[PDB]
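Enquirer: The chain contents come next:
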Amino acid sequence: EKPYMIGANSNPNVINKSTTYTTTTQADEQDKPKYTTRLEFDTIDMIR
Amino acid sequence: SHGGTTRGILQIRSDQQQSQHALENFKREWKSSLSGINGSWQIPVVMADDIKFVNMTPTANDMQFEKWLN
Amino acid sequence: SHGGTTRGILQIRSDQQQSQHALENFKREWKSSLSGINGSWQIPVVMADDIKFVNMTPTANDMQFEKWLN
Amino acid sequence: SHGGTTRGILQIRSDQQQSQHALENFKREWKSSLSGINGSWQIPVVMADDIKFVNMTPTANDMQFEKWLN
Amino acid sequence: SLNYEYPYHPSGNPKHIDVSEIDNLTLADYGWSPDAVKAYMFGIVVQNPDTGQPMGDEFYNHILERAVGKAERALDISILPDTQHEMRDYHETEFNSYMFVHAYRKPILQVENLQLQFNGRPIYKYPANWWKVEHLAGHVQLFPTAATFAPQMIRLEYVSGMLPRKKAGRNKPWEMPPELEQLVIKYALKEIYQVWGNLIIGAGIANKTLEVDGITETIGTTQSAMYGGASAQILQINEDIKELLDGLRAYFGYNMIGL
Amino acid sequence: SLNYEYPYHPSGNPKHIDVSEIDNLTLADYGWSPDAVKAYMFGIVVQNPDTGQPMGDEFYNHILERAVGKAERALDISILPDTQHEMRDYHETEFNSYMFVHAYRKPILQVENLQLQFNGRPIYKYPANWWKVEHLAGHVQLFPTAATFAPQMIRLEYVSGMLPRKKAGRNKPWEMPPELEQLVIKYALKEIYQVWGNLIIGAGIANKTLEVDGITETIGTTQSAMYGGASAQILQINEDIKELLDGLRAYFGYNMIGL
Amino acid sequence: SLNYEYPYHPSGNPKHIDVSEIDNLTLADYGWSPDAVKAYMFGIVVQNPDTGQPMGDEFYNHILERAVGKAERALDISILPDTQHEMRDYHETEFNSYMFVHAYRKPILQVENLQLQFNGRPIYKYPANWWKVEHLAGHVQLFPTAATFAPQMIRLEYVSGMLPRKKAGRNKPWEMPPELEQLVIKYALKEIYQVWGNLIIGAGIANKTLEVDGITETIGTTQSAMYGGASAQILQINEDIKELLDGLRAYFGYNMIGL
Amino acid sequence: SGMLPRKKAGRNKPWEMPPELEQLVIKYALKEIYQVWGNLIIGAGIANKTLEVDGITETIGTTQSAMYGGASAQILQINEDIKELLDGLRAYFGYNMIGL
Ligand SMILES: [Zn+2]
Ligand SMILES: [Zn+2]
Ligand SMILES: [Zn+2]
Ligand SMILES: [Zn+2]
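Which chain is which? The protein sequence lines are E, B, A, A', D, C, D' and C', in order. A prime marks a further copy of an entry chain. In the entry's author numbering, each residue's number is its place in the first sequence (first place is 1) plus 1. In the entry's author numbering, each residue's number is its place in the second sequence (first place is 1) plus 282. In the entry's author numbering, each residue's number is its place in the third sequence (first place is 1) plus 282. In the entry's author numbering, each residue's number is its place in the fourth sequence (first place is 1) plus 282. Residues 16 to 161, 190 to 302 (the entry's author numbering) are what the fifth sequence spells out, left to right. Residues 16 to 161, 190 to 302 (the entry's author numbering) are what the sixth sequence spells out, left to right. Residues 16 to 161, 190 to 302 (the entry's author numbering) are what the seventh sequence spells out, left to right. In the entry's author numbering, each residue's number is its place in the eighth sequence (first place is 1) plus 202.
Derived from the structure by calculation, the hints contain no laboratory data. Honestly, I wouldn't trust all of these hints.
Straight line, CA to CA, 35 Å or less: simulated DSBU-like cross-link-like pairs of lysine-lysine [claimed, not checked]:
(1) D:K140 / D:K53
(2) D':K251 / D':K30
(3) C':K233 / D:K210
(4) B:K334 / B:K313
(5) C:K215 / A:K309
(6) A:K313 / B:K334
Only chain E is shown next, with the shape it has when bound in the complex:
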């Protein structure tokens, strides 16, 4: 009903942000994938 307006910003200020270090752990994980094109040799043509 009411018009949709941007309004004001909400992000607060942050100071002295420290880096993230990957934590060592013996526990298992799952490796986040990327699905995309694969490159391969033309082994048949290599035989030729």
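Here the structure of chain E is known, so what remains is to put chains B, A, A', D, C, D' and C' with the ligands in place on it, guided by the hints.
Expert: This is chains B, A, A', D, C, D' and C' with the ligands only, laid out in the frame that chain E set:
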């Protein structure tokens, strides 16, 4: 007693042929504004890309082959 | 008593030649709207790319070789 | 007693077809300035890209097929 | 003698579709399934690059509904079967011409009612056998047997659409031609390729190469600063639609209105 | 006999929408949710590179509202249900032509009031059954039963806009065709891609290559001095919108006014 | 009977805006905040390269005021509400046409005074109910009830502007359309990009590469000898404004003056 | 309505199908097939590639390009034949005329 009495054709260029509903509404507006003695002298306005009027019959008709009959 | 009485040809340009069914419906609309005294003064509208009317006979016909006969 | 009495069409080229409200205000201005004996001899001004006037009927009309009737 | 439901006469306006079946008939009946889209994309899978998700069937249906809608305007048609309640004005020149009427939406599968009214009361309702139709063009004409205009004098009810084709390589004028099936498909594919073309590599990445410890991998895609990833196929689909669409307008023909 | 609310006659101007529901109907009902936009961008996600913040629905709704506004100008239309209080002038030739009136905002869902007044006092109020409407074109005409002009003689009240489509792949003249939904979506996506094209890699970076300690990488973006990174998507959106918009204009047609 | 403030009649020229509120209404009310500009630049921060300073809100307001000003000419409008004291000449042909007057600035929200004077003394001040207005076009016409020209005979006072839109996706003719909001925004962004485009890298530097002790860093920007850094976006904004601006002039229409 | 299959080699009656309509439909079919097959030669959207591992290297450059698809050459030649084939065949049927 048979056809062929048309004066000419009014062509209006458009990328798409207008739907028949739109043409019917066009006719309604044209008849309401211009038809008959009512609104006889008025001028319509159209904002299409290009308009032409091609004549199929001459400016004024009359009897043909008069001297042949005589 | 023989042919050659045509006034002219009405050419309508199109990328494809319209199917004969479409031309028959075109004729039906034309006859219903314009043919005869009924709807004699009306003007049709067509939205094709380009239209021409080429004349095959002059504006008005009359007897030929009159002085030769005399 | 039937239509076909139009003199011509005044075409005004534009990228967009003007909204009907704008055309109504256009008509209001035209009628207020030019209609009737009042403001008969005045000349309007328009700043569109291109304007045309296409004639649908000849300069002067008269009876047709007079010699046929005689 | 002859046997028929009163609104429907075998001569002129033979019955084609039951009113109740109008609701039942849907896109699947005409072959516009998502599988059809996939078939034309045989060997291509549309999948998110960052997660294994493929786009669902619902999106295809949503696209297909807009593909058939776009076609319904692009050739001025009513394509799916639907019931119409139509009021039309009285024009003397057409009325004297056997009551000629040009339906707003075509084709006309069949006509149920054709009545003339003054203030909502039917002044005259014509016999069923009198009126006759031209299905493809939608002309409605009356053949009676044994000011110059007014608004909304007559009342017309009719069913606009096309039935699914019964037999291969053939169609009745009241029957869906095979080209509309392919045309709507090609419109849908134009959308699907617009989506898929962004998922080829990365996001807006044209050329790449990695060189790690003497290993080397290198790719150059169809993506470019002035051409999109699927724009090769989109261009070819335009060349295909132009041939198809122009050739089909010749089947319906140009529109005309007297003035 | 017949039963109806006095302003609404089933013949001519059948009731379509309750006045109260006009406020209830919103963009979401018409399918203009941010979800739809995201669906068309399936597999592409937009974020602020400096943070983990993706743009919220607020921006999408804001963009969609201005997109539906832009389409509303692109055809001279009213695109959401909205009541109008219109004062129109007396022109004799149209007045004699059954009181023909061309509403400013079309389509007309329904007409509530149509009166003739002189100084704010109603001189004459017409019977409900007399007046009749043409929904799509918005023509309002009167059919009475049993100087040359003046300003603001008649008072017209009516509801303009389009109802959401009820049945799949179909629409009544008083009903929204699915493409206006899609057209507004495509106008929205133009803005989105004009945003997203900037954020793929830094800003203003066309080509880069980096080599450290025996590992090397090279990337060439779609960004260029002559064209932006999303320019391919935008230019394809234009190619579709032009076809989509030109075809839809044939559903409404050209505008004419006497003079 | 009827109740109203004497200058304002509900028929013809209903009251829309209180005179005192004219001062209160400002750019923020219409959504032209700097945050709006930032939102369209989501993910881009305009910052000095040699020091951490971002450009302040004041600059945005200054730009926005010039953006709305440029729009106010580009379509001949008065957009913010303001009170006008207008003198107009007597032309016989328009005067006999119900005293037609075309206000210099439009739209007209409302009319307060309309008087005829000879030497500063009001010869005749018309009743409020007599005069009537066309808000969008600004036509002022008089409908009385129960040499050929002269200069500055009549006196007109009226309020020119548009109110902020009350409800989404809709606007009254006396109400700000959503497109002007976006149009003024896009004009502002044309300026902001012209500033920001110089801050991408260095100053007028197109291509660079550093090679230090086998390290290698390499960048090629959008900047070029014949194209500016932001000129890709500026070109796209022109393509956007051309579509928007042309479509909006159709809403107001062409101007005309008799001669 | 329609056409009977051709009975005798290299010949057809007016009521008989000329062999080119058979070929024309084939060529229209091949347009669709090549529009499919052109995508699958190597991955998707890949124009150029080169791969080097452990002293063995390979480079391939496909017909794919930003401006034209991998099968575009075949399609464009099919069009060149269809246009000749179709223009010539229209002369067998001729233009359509209707009185008015
Ligand atoms: Zn037709
Ligand atoms: Zn209209
Ligand atoms: Zn004006
Ligand atoms: Zn033939």
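Enquirer: A separate judgement is required for each hint: does it hold in the structure or not?
Expert: Here is how each hint holds up against the structure:
1. D:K140 / D:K53: Judged against 35 Å, a Cα distance of about 51 Å means the pair is violated.
2. D':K251 / D':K30: violated, 64 Å
3. C':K233 / D:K210: holds, 24 Å
4. B:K334 / B:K313: holds, 20 Å
5. C:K215 / A:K309: With a Cα-Cα distance of about 30 Å, the restraint between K215 of chain C and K309 of chain A holds, given a limit of 35 Å.
6. A:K313 / B:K334: Cα-Cα ~22 Å, so holds.
The structure does not agree with the numbered hints 1, 2 stated previously, though it agrees with the rest.
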